[PDB]
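Novice: Now for the letters of each chain:
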Amino acid sequence: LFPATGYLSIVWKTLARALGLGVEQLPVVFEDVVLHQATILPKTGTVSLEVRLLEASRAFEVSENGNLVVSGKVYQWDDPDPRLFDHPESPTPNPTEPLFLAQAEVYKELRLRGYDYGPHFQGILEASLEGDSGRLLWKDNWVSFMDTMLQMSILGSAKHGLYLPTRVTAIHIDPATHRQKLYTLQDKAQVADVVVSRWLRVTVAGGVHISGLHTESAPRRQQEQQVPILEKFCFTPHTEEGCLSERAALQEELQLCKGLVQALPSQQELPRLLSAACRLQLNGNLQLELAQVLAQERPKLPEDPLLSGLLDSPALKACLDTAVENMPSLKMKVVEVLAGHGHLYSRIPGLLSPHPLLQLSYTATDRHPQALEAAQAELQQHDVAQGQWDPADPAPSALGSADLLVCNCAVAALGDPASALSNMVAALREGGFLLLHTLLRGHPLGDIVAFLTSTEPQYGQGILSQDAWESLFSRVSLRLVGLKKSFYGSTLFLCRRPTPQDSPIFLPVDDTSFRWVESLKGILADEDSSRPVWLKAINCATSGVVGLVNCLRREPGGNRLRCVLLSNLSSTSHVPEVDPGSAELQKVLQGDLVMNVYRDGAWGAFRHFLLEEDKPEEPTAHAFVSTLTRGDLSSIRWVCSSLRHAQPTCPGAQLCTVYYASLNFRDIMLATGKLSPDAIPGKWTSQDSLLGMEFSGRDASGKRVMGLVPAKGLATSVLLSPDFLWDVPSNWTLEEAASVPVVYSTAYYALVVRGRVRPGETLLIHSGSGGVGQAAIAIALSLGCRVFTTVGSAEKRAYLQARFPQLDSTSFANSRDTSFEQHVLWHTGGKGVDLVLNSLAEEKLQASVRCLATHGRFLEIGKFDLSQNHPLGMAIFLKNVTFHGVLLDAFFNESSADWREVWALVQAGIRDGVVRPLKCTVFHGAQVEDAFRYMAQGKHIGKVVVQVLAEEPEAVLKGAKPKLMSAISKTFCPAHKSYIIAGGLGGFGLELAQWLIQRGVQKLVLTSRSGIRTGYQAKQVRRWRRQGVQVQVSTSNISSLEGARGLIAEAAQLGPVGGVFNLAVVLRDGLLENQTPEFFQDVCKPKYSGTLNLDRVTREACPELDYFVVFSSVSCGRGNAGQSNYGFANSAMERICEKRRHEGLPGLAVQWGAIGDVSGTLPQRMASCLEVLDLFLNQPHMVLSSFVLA
Amino acid sequence: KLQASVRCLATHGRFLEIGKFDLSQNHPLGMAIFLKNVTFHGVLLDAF
Ligand SMILES: NC(=O)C1=CN([C@@H]2O[C@H](COP(=O)(O)OP(=O)(O)OC[C@H]3O[C@@H](n4cnc5c(N)ncnc54)[C@H](OP(=O)(O)O)[C@@H]3O)[C@@H](O)[C@H]2O)C=CC1
Ligand SMILES: NC(=O)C1=CN([C@@H]2O[C@H](COP(=O)(O)OP(=O)(O)OC[C@H]3O[C@@H](n4cnc5c(N)ncnc54)[C@H](OP(=O)(O)O)[C@@H]3O)[C@@H](O)[C@H]2O)C=CC1
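Residue numbers (full-length UniProt numbering), protein chains in the order written: chain A, 885 to 1148, 1173 to 2066, 2081 to 2112; chain B, 1752 to 1799.
No lab work stands behind these hints: they were computed from the structure.
The reader is advised that the hints may include incorrect statements.
In silico EDC-like pairs for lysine to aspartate or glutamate, Cα to Cα no more than 16 Å straight-line [said to hold, decoys possible]:
{"id": "1", "chain 1": "A", "residue 1": "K1611", "chain 2": "B", "residue 2": "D1797"}
{"id": "2", "chain 1": "A", "residue 1": "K1787", "chain 2": "B", "residue 2": "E1768"}
{"id": "3", "chain 1": "A", "residue 1": "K1241", "chain 2": "A", "residue 2": "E1338"}
{"id": "4", "chain 1": "A", "residue 1": "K1065", "chain 2": "A", "residue 2": "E934"}
{"id": "5", "chain 1": "B", "residue 1": "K1787", "chain 2": "A", "residue 2": "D1797"}
{"id": "6", "chain 1": "A", "residue 1": "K1739", "chain 2": "A", "residue 2": "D1725"}
{"id": "7", "chain 1": "B", "residue 1": "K1752", "chain 2": "A", "residue 2": "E1802"}
{"id": "8", "chain 1": "A", "residue 1": "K897", "chain 2": "A", "residue 2": "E934"}
{"id": "9", "chain 1": "A", "residue 1": "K1787", "chain 2": "B", "residue 2": "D1797"}
{"id": "10", "chain 1": "A", "residue 1": "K957", "chain 2": "A", "residue 2": "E939"}
{"id": "11", "chain 1": "B", "residue 1": "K1787", "chain 2": "A", "residue 2": "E915"}
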């Protein structure tokens, strides 16, 4: 975006040229600068900005493509006053804080906010913590300097979000005093001192003086935001059976197929084929007639759920990951046989996308060129190649040796099992894999397919018994590493070509001293030897050997690494013996898999799976409507509410159940995104919903009440001060009462309190149909005034006429047009109207002002003109006119003593009968989006209310609890509980702490060996303490068990322990040869030992704990080079977390690819990281991962 | 100087104008001030 200071600079240069002076010779003054729009500089091309000056009026105007962009007033400064640039009195006389933000931290904070400034705009050398005074650079560029001024001004604002300048009351520039003020540091760099005075709304530095700067929140909505890949790190046995048993549709399909088979109906292709086969004849069915039939000639059998059920199940992903893992290289070569019918080419490439560094060379082969001729576009979109090899014959040299083979024999027909397997194993490289999908004979579905397809013997041959397949594998000297089996007899074979037998090394890796590193370091050094090196740990289930091998394999010589781990999550589970003579070790050796993990009577390895896309939901009593995507009504959905944790004792609390909640224009503007949430007065969390202003429901005591709330009133419960509650009259209905509060309260405040309306006066009430208009009309007629009202349409006119008989046909006008001015002036004899209640647009507003009579009073309740700061000719005040700015939002913040006046007025109106409920259209809670759309259309008359809960016949109900309801899950914390973040003063720790506080923690303990030693840390800590949070700094190591106990105890003082997070990390990078046992001890001490100490102490004395999060890294699992110790520590942490959950205790381990704001994966922005952390916290899996693919 | 006076106002403030120069000249007045609850009064004893 083009900086506003850029506009100022170009205007200044234009004025200097017009006067003939040079820029540095011309002290200029700006006034009433206004930025109507922001210009976006394109990457390629140029944008022309045109500046026109009106010398007579001292006005300028910048335009682009004939569109106004900037306007204001500019003129030469006749008599510069050096007194002007003297630094103002400091708002805080004595900060007395040696700490101060440096350049890096300043722009780190600004990046967190959303500002991304490059080197040329990084002009702030330092800034005081409060952000009031600092030092700026002077690179001889004016635009950079003034933009740095604006940056300094923005740095102090507590409000979050992205704010940009919109108006500047006045700017003074004096190059001479600027040159005088500049002074040099020790370096040759030139600097100037800046001072910001929020009290006087003035920013002064060098020879510049900005006053009255006004910044307006930007939407801050960027398209094409990063989309992280979410996965769950789950254990996976090598062999499984009944994989798809959970699915019902598959079972129903099986029932249908067997039913047709019985005695020799659905949309699925296979049941349709069976029905066709049985249709022609009940007995003696022709093989030809059943083989061919319309709606079956297509290769839609694979599309049948039964046949391709396993492929859709994760088993395919597990097998593919297993194949990829045991690759000496980082590149994979895969070939598909009979691809025309297999169609795996359309599926396999998609599954391997998550791997960041993997490079794939896929090639599809078929018996005949015409087969697979179709879908050539599908092949083209992927990196695949055509093929002609027919498996029966020996493989062509072109394919040669490939890492992996995929067959999909279940649908494709194989000429002969033995011959095809021989050809394949010939094609398969040494140590490669053969993925084979087939249907097992002797199973119900197997027998059913055997009865069918008898016409083609080749397919019949493909169907074989499980033991037959196993025997076939042995004959071709192929070893079955793993097997996946469906519940209906389908299966998925994964076989590996044996590698030349070699004597394997054995190295215990369970020593706590890490001295085994030297032993391993020596062995790997002997790169000449090709003997595989088998690391095996059996002493501890928490050994993180998995991460170690994952990292080591990348480093040179890592090809020889192979792991064997025994981790049982149940003590009762026995431990197999891994002695060389023991059978199990020999079996795993024959398999020759990199990862061999045994857990509770099963051999397997950890795998990555994409987790469910759906957002978790739970049944809750407290939930509030929210828009998950700002500006989209389609996203409106219910979310869990923080009200679950609340104190009923407090008299100010007065928690109330919600039955009907109304919608107002403000709610639509918020949902539509036309109104920024920050525009709502008050201190609001960044993540929250500000929908709904009024409601009506039963109090905690059951008494029916209607209430008014600043926001969050559209929910199943509201926390409200009793001052904002009225008792519903016995004759009203809770639905009716849902409309009275806001409209009547604002009408009374506008007329009686401010306008001081007297009986017999004259009024002009715009938008009579609207709720506020109806309330105002009802109030006025009671006094006995004469009313003029404007209505958009004829039906609204008729409705108002019916509702208010006293009102007359001459009391109407047209609102959408500006013709009412003539009508009012004519029917009033030209005198005008005493009182005006205006809520219309700029031109309508100007028209209304002319309607005022002498001693008139203008009541303004709109916002558009006020926000835009449109001018108002003051000549109207020559009469005794009084202009009122009426905002009801002020009461919710202060002046409650004043608010009681309006409360009494509304109560008196209610009891006297003046107050009448408006017409209501009811939408059920589940249809809230429909209500929003209907009100957005603008055809509604009266109010739109959402029936959150139906009213009971009883007048007063003892238990007013809301009915349980299902909504999206969110994370909130009780106020009384205490939370601990180990190493919370790091880059991630502080951001996580802030995120938690926004969830209402109120009691925090941050651990760090060094303690507060940076300006940013001190700034954040003091900011939090100002909000009332009880922050604490420990400096107690979690590595030492005594240290962990002390940390927990001191945390308990603030209150019961709620959650503990382990973000402590010390890293010592370097290749294995460089690593030494000391570095491993140092790296694992805060992460491995600390986690064990925290687990022990928490399980000992933290009964109320519910959150136990341990931050791991993607390097573990995925693998990375030169970070073996890091991977080991992370893997150990993950193992501890996995064990904890098995016992019912809470525990979580998160793997982050990279953090940007504070291995082929781009750094992830902090906002996305926190969102994903919330989602993870709400999920039940033991370990989760997140990263952004390059 | 009139513009300077407007800025000094606080929320719920009231502005009482008794000078008749700017009013007669019909000089502009930014309406953004009214966002803060504010009542701009045009005082003229002459009416009585
Ligand atoms: N103290 C304060 O600052 C407060 C201010 N207010 C203001 O009161 C005003 C009136 O609110 P209220 O009458 O309850 O609003 P409603 O939406 O209930 O009524 C809107 C009225 O104005 C017109 N209108 C407004 N918005 C739309 C729209 N999106 N689509 C179609 N027609 C629309 C309608 O047509 P038509 O007019 O043509 O018949 C209708 O008469 C608002 O401007 C609000 O900001 C309210 C309370 C507090
Ligand atoms: N890209 C990333 O940053 C990624 C982060 N992670 C993990 O996420 C977490 C957050 O990392 P992040 O905060 O960015 O990194 P930091 O390096 O900033 O975290 C280390 C912090 O912990 C403190 N600390 C060190 N030892 C201890 C100890 N024994 N007890 C208490 N505090 C201690 C350090 O202070 P001091 O040195 O003075 O003790 C420092 O403040 C870490 O667990 C990290 O491993 C993993 C994946 C990606």
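Novice: Indicate, hint by hint, whether the structure satisfies it.
Specialist: Results of checking the hints against the structure:
At roughly 55 Å between alpha-carbon atoms, A:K1611 and B:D1797 are farther apart than 16 Å, so this suggested pair is violated. With a CA separation close to 12 Å, the supplied pair A:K1787 and B:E1768 stays within the 16 Å bound. Distance check on the hinted pair: A:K1241 and A:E1338 sit about 13 Å apart at the alpha-carbon level, within 16 Å; holds. Under the criterion of a C-alpha separation no larger than 16 Å, the hint pairing A:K1065 with A:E934 is inconsistent with the structure, at around 33 Å.
Distance restraint check for B:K1787 and A:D1797: the Cα-Cα separation of roughly 10 Å lies within the 16 Å cut-off, and the hinted pair is therefore satisfied. Between the alpha carbons of A:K1739 and A:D1725 the distance comes to roughly 22 Å, so the proposed pair goes past 16 Å and is violated. Distance hint between B:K1752 and A:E1802 is unfulfilled; the C-alpha atoms sit about 31 Å from each other, more than 16 Å. This hinted pair checks out: A:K897 and A:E934 have alpha carbons roughly 12 Å apart, not beyond 16 Å.
For the given pair, A:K1787 sits about 10 Å from B:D1797 by alpha-carbon distance, which is consistent with the 16 Å threshold. Restraint check for A:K957 and A:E939: the C-alpha separation of about 10 Å stays at or below 16 Å, so the hint holds. Proximity of B:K1787 to A:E915 is assessed by CA-CA distance (about 22 Å); at most 16 Å being required, the pair is judged violated.
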